[PDB]
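Engineer: The chain contents come next:
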Amino acid sequence: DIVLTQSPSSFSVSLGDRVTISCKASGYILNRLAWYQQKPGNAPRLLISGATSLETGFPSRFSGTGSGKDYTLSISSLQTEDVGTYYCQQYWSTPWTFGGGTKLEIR
Amino acid sequence: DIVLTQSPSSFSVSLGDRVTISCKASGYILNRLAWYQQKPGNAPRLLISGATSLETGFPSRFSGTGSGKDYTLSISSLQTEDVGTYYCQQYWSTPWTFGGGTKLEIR
Amino acid sequence: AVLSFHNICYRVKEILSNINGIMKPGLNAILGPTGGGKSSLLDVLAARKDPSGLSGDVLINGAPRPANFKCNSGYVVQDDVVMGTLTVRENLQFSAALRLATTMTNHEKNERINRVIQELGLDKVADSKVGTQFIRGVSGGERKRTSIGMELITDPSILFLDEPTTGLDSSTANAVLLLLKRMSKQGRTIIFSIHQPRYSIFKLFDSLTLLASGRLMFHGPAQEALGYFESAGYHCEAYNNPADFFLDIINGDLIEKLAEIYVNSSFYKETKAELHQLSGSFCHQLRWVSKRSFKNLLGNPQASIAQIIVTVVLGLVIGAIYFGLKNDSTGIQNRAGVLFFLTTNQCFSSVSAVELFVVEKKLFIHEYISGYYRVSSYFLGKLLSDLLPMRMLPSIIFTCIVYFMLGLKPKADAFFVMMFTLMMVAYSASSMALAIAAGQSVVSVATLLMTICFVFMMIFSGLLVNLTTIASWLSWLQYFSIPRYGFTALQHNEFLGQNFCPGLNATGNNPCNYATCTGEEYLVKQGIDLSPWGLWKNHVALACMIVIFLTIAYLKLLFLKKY
Amino acid sequence: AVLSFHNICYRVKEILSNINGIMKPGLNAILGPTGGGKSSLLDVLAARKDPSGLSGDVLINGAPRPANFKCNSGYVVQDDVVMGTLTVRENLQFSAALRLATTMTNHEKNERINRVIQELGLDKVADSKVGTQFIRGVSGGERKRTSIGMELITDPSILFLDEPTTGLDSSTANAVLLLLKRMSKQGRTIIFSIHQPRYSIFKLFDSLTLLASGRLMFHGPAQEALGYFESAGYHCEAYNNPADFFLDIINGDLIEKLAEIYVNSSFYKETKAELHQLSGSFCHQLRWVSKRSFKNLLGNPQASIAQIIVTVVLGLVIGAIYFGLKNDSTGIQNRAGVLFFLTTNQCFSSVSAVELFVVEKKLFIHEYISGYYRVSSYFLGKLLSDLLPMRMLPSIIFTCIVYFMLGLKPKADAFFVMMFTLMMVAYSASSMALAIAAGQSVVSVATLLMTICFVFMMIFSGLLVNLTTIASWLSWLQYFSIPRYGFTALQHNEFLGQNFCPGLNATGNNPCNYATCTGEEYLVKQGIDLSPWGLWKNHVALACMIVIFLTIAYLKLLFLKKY
Amino acid sequence: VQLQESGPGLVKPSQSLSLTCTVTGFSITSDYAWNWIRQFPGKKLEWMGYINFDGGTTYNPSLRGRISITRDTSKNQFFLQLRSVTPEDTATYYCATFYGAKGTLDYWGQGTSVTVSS
Amino acid sequence: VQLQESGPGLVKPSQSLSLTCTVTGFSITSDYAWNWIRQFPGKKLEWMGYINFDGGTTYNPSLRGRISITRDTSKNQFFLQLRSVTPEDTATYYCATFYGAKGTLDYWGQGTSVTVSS
Ligand SMILES: CC[C@@]1(O)C(=O)OCc2c1cc1n(c2=O)Cc2cc3c(CN(C)C)c(O)ccc3nc2-1
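So the sequences go chain by chain: E, R, S, B, Y and F.
At position 65 of the first sequence the residue is numbered 65 (the numbering used here), and the sequence of numbers has no breaks.
At position 24 of the second sequence the residue is numbered 24 (the numbering used here), and the sequence of numbers has no breaks.
At position 303 of the third sequence the residue is numbered 303 (the numbering used here), and the sequence of numbers has no breaks.
At position 272 of the fourth sequence the residue is numbered 272 (the numbering used here), and the sequence of numbers has no breaks.
At position 10 of the fifth sequence the residue is numbered 10 (the numbering used here), and the sequence of numbers has no breaks.
At position 9 of the sixth sequence the residue is numbered 9 (the numbering used here), and the sequence of numbers has no breaks.
None of these hints come from the bench; they were simulated from the model.
Among these hints, one or two may not hold up.
Derived Cβ-Cβ restraints for the label pairs, each shown as a range [as the list claims (entries may be wrong)]:
#, chain 1, residue 1, chain 2, residue 2, range
1, S, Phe456, B, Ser376, 38 to 46 Å
2, B, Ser352, F, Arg64, 39 to 47 Å
3, S, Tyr563, B, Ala543, 57 to 65 Å
4, F, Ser30, S, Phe456, 43 to 51 Å
5, S, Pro410, F, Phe40, 50 to 58 Å
6, B, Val445, S, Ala320, 25 to 33 Å
7, S, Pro410, R, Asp17, 45 to 53 Å
8, B, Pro410, E, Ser60, 35 to 43 Å
Once the Cα atoms are required to be at most 16 Å apart in a straight line, the calculated EDC-like pairs of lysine to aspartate or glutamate come out as [claimed, not checked]:
#, chain 1, residue 1, chain 2, residue 2
9, B, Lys203, S, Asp244
10, S, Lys203, B, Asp244
11, S, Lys362, S, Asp80
12, S, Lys129, S, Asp50
13, B, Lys326, F, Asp54
14, S, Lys295, S, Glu360
15, S, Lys203, B, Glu237
16, S, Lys525, R, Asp1
17, S, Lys70, S, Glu90
18, B, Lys181, B, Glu119
19, F, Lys102, R, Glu55
20, B, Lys203, S, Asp253
21, S, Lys562, S, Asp50
22, B, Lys181, B, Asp206
23, S, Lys203, B, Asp248
24, S, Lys203, B, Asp328
25, Y, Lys102, E, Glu55
26, B, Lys70, B, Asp155
27, S, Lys326, Y, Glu5
28, B, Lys525, S, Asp328
29, B, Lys203, S, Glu237
30, S, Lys70, S, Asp43
31, S, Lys525, B, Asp328
32, B, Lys525, E, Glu55
33, R, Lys69, S, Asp529
34, B, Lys203, S, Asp248
35, E, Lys69, B, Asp529
In this text, a Cβ means the ideal position worked out from N, Cα and C, and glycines have one as well.
Looking at chain E on its own, in the form it has when it is part of the complex:
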């Protein structure tokens, strides 16, 4: 199938920082790369569809810049309400594998 390796399994950032979460694919997804955001105790809220679009209900800070296999998410000047567990998903094939899911931290 297609496994989505979020090689940075975690981070340690501070407020007002531009963090870049990679999501390395095991095959060409062609911008079929979703981003979710699971706060602890909740279902994954959809964040970015199409690997470049955005979902209504977020600031214009989360932005996906992906091409081919090396998809990534850019969070410019993150907030307090944006620490979570970001899962990248491929919806190209049928077995919709998710990413490992990075987890932001505060130093």
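Put chains R, S, B, Y and F with the ligand on the given structure of chain E with help from the hints.
Structural biologist: Then chains R, S, B, Y and F with the ligand, alone, in the frame of chain E:
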């Protein structure tokens, strides 16, 4: 090609009337049937796409109910600002023929 | 009973000038080289040539040849025209059915065979299969006897043989010729032609004739040939074959000189004083023709079963490759591909029909000139015997196997629509092959034509090119293609209730077109009707093509140059 | 110079017991029936059989057969092994190139032919083309002479002939035999076998031998055969062929009785007192093999030009059907269809490759046992002569015609990538066909197989079924298919910069998927790489398949049972 | 648009499992595809399989023969029947809603946990 | 999003015709296809042909060899060059904007009239 016969080339209706404009196709369009509205001295403003949808900027009175070849438009309780020249278009093939264009009148 | 002839000029190019003589009740022999008229004069006396090409007369017992002459005389072709896939009893019952009177009893049909098979010495091999390359059978020396028995049913007084010795061994052919010598005294006039004869053969004749480059060199009894050519200027040397010394004269140990000798032959003068004294039911026809090819069909597993094994295995492989076609974005490609493949296979397997008629062409010619059947009886029988069963089965083997493995539309009627459509396309491709094969003895030619032909038709079948996107002076060619109508019918049969964008119901609205999210969108984009007439229009087109191509085959088999 | 032998037992099944005799410098004849050993003993004395099957000895002038015996003796096959598509001068220069010494002069190669063609009486037909079915040429009676001249280059003292009379007319064969009689006194020992001989042939021999059902019946000079069989109990009747009366003894006007007569033959006792006195360069090899098949290629328009004309038409027909493939929703179907059709076409013409080796199989066997070439010289020459040019051209005819009419990707490199890919797939399908058809004399077998393989390879090529949607225990079969790699390379070559949703730029984002709005989406959905290695991976796979299938062909031509 | 699960939060091993997702605000026969997800402790998400709007269904090939999805259309329900349940797949289960054209898991359930012990 | 024509409202017959549609609020190299329409007196609309965002173009097959559409990308213009103009096609001309995914003539010009007389 595909010719769009608006067999009712004209009408003679009154205000608050439900008028039904037919648009007989010379082939299967599969809901690829647009409706425009040309006020005299203007370009055709788009009215209905997909033969069942609607375009923002109109009341919920214009409604397309088409299936197969016998597409039609229903104007329930038309207003004074709705007399015009309604052209039906197929955007299925490349040679995008329009309809003859009916023209409403007031008795 | 005697034969007689006078002043025969035969052209298309006169490879003859004129041949004079009579043939007594006995053993008439024609000798010479292959380039000579030794094979053409025999077709003249057996009326196997164009009468307009013939010039002189054929006078029999003071009467010309009637239309009844071919119905009471027997000509045997040099190759084995017998049914080696059948047995002697079955084949002689066939030849008894189409030659004996309808009033005659089936007991009489049992007895008259036993008056002949007992005579031929074939009582050992009565029920023994005659023999094929793939089925061991009787030796060829009695295949010759089998054909002769096939031409002795109604007791013809006049027998004709095309090279009774070629194709057999030496002592093998002697047993045929001694049987014919037994026939030489029972009031049967045997007229034949032998290439490279032998003195063992030469010592038992009654009358002899020599032809060379369309020139006559001898007539009369067989003994005096050696007596005459001594006076020509030669002498038969010590221990030489007389029948080979008769060809020692021909090619210079010239033709005009020897012919002038024959003009001043006393053997010709007696014949000059002789000749100028002379010259001065359908249901039954379909009851047994169907059976014979039916037993040919059963008696050949390597062509009947071997084309079912290919059908079964390829029925299962296609059942394993596809196996439950999904209703996803790849479903359109798979369904169209398999329908494509099943249709193309039917078509291309039907280039084996060219085998049926091309192999049976020479037998058809001899059997119709003998008058065993009307041409339409042959045509309504063999199609009932081979076109019907061998194409009903694979259209059922494919249909039963690949339908429920692949999961094609799970309705009762669609299963049988696919069954009937494959049946019709098998018939239609076979009918074309039948039109393009009728009246041709070559295989490599026709098969070559059929093969390009289908390769063009598939380009118009609708998969390799979208038929609506062809220049309008080519879009009339999309009607001359059999793989178009069957493939269109299958796409119409299967793509109606289907959907191919999972999670996206498209039948109400198709947002974001260029999608092909339902069966109708793919079907219309191919230029195929959605009305229920759009299905059976293909079937009536295929039925008309069957009838037209069978009529072209019928006319080619009718207007064929049988001579 | 004499031949001699003693106590020969030959099995696979002993159709022999033991044959004893010597052959003087003269005219040695072997007679009998076809089932007898008359065709096997000649292969024994010419060393054309398995030595392990051989038992006894072959002693020549007090010396056994060395490895040099085949390089200084000449065996002539029954059928016309000559190049009827070439002329006598060209073919005899070929046979002079591979048999005369490299040190010998080209003037000597001009002269030694003229010492032989002048002897054969073929000075009239020196530059006249020998003859084909489709090119009128010399008569077959001198085709026999042409082969004999091919086996007289280095002046072999020992000549062997496989049935010098069969295949020719009577006076036609006499002119061959009188030429051999001229060779019978020039110190050339001719050893041959004739089926159904004649007294005109029989009157000029020097030594005679009779075989029947693997049993020896005569040895010694040819005159005394008639003298011996009188004492056996028979008498040659008045005016009978002596050579045919010698077979009158065989089949009952038993075998053990006549053999026991031969054991007590004085002709055998003298031979018993005789035998027990006895028993007691590569660049040059490729310089001319390429030329011969090259002139075969030029001297056959019906196979060389006839396979161009078609390519030319189809290239034009395919140029007219598609003609400017649009970048709309139908563009994917058309581009994939044409690319599919081209790959398939190449594979199918490759199926006539069998006709190269299967027809040239018997000539290859005789020519290698004669020692004209190393097997690799034949294999590096014929592929240079027929595999190279006949597949470089259609891969250029298609490429030049259908590229700019259809409007395939308008770059310089893509034109040549398509050119090279079609060239490689032509080579690869021809290589597979060559491996299947190496070492098989049958055509209908392999041709059936190659079609079967291809019809399976195409089912996997990627159009008729989506390769990613196959069960994982079948997705390993997608690597054994030649139409997969070429078709993948063409899809990779053409579908890179393309777009197919007009008005919808898809390379930035593809809203509303299930759309296939760019070339990459179609290419990936087929399971095809997008990296530039994904293109040439197919080419290296095809190059490895060429080398592997040519090696399988090379081993089949090497490990073939030549005997 | 509005999903919710209701089922046993415990089960004996190697027998079965039943979950039910009742959909309000929308009819499961109208437009979308409806799928299940499970998230293990030591959080890793794992999509399980979707039932189409017209009863057709496709399941995650890792879960073959074990998962089945049925539906009761007369009250907008679809059922997760998971058989021969090992104690290892004691994950938190969800029902979710897939657009088809947008392509993403647009809507989710609330979250039911299944503990497979004895 | 914002189109406008500017050209001669008259022409001699059988020579040529030039119209220019300057697009503001959007770049004609970005997304859409850009087409022309004409509406005759005795109003009947007639779509003429579109130039794609990447220079490719497709024209109405009734107007073969007579219509050509060029583009000057450096200022967002596309040009209607109509040659051998008969006096019969004296229609009111428009430039319009086509979505591709929505499929409809979403945006239109203002309306330029061409009278072909002498
Ligand atoms: C595309 C149809 C098909 O691949 C199939 O799926 O069914 C079987 C089959 C096919 C094509 C061809 N054949 C078949 O049996 C035989 C054949 C001969 C062809 C010849 C003549 N051969 C003797 C080389 C051509 O010159 C060109 C294209 C040819 N295409 C084909």
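Engineer: Now look at each hint and say whether the structure bears it out.
Structural biologist: Hint check results:
1. S:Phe456 x B:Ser376: 38 to 46 Å: Between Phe456 (chain S) and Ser376 (chain B), where Cβ atoms are some 42 Å apart, the hint holds.
2. B:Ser352 x F:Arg64: 39 to 47 Å: holds (44 Å)
3. S:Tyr563 x B:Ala543: 57 to 65 Å: holds (59 Å)
4. F:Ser30 x S:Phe456: 43 to 51 Å: Hint holds: Cβ distance 45 Å, inside 43 to 51 Å.
5. S:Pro410 x F:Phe40: 50 to 58 Å: Cβ of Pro410 (chain S) to Cβ of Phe40 (chain F): about 54 Å, so the range 50 to 58 Å holds.
6. B:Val445 x S:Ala320: 25 to 33 Å: For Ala320 (chain S) against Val445 (chain B), whose Cβ atoms are near 26 Å apart, the range 25 to 33 Å holds.
7. S:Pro410 x R:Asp17: 45 to 53 Å: holds (49 Å)
8. B:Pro410 x E:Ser60: 35 to 43 Å: holds (41 Å)
9. B:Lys203 x S:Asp244: With Cα atoms ~15 Å apart, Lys203 (chain B) and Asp244 (chain S) stay inside 16 Å; holds.
10. S:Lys203 x B:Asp244: OK: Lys203 (chain S) and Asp244 (chain B) at ~15 Å, within 16 Å.
11. S:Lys362 x S:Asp80: holds (10 Å)
12. S:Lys129 x S:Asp50: violated (37 Å)
13. B:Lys326 x F:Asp54: This hinted pair holds, its Cα atoms lying about 14 Å apart.
14. S:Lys295 x S:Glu360: holds (15 Å)
15. S:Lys203 x B:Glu237: Given that 16 Å is the threshold and the Cα spacing comes to 12 Å, the pair holds.
16. S:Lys525 x R:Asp1: Measuring from Cα to Cα gives roughly 14 Å; hence the hint holds.
17. S:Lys70 x S:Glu90: violated (23 Å)
18. B:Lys181 x B:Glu119: holds (12 Å)
19. F:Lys102 x R:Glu55: holds (11 Å)
20. B:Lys203 x S:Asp253: holds (15 Å)
21. S:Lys562 x S:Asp50: OK: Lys562 (chain S) and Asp50 (chain S) at ~9 Å, within 16 Å.
22. B:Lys181 x B:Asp206: With Cα atoms ~10 Å apart, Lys181 (chain B) and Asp206 (chain B) stay inside 16 Å; holds.
23. S:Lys203 x B:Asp248: Holds. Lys203 (chain S) to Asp248 (chain B) sits at ~15 Å (cutoff 16 Å).
24. S:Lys203 x B:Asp328: violated (87 Å)
25. Y:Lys102 x E:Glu55: Given that 16 Å is the threshold and the Cα spacing comes to 11 Å, the pair holds.
26. B:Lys70 x B:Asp155: Satisfied, since the Cα-Cα distance of roughly 13 Å is no more than 16 Å.
27. S:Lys326 x Y:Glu5: violated (29 Å)
28. B:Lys525 x S:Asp328: holds (12 Å)
29. B:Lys203 x S:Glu237: holds (12 Å)
30. S:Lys70 x S:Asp43: Answer holds: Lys70 (chain S) to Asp43 (chain S) is near 12 Å, not above 16 Å.
31. S:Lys525 x B:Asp328: Measuring from Cα to Cα gives roughly 12 Å; hence the hint holds.
32. B:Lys525 x E:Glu55: violated (27 Å)
33. R:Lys69 x S:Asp529: holds (13 Å)
34. B:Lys203 x S:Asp248: holds (15 Å)
35. E:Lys69 x B:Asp529: Within the cut-off at roughly 13 Å; holds.
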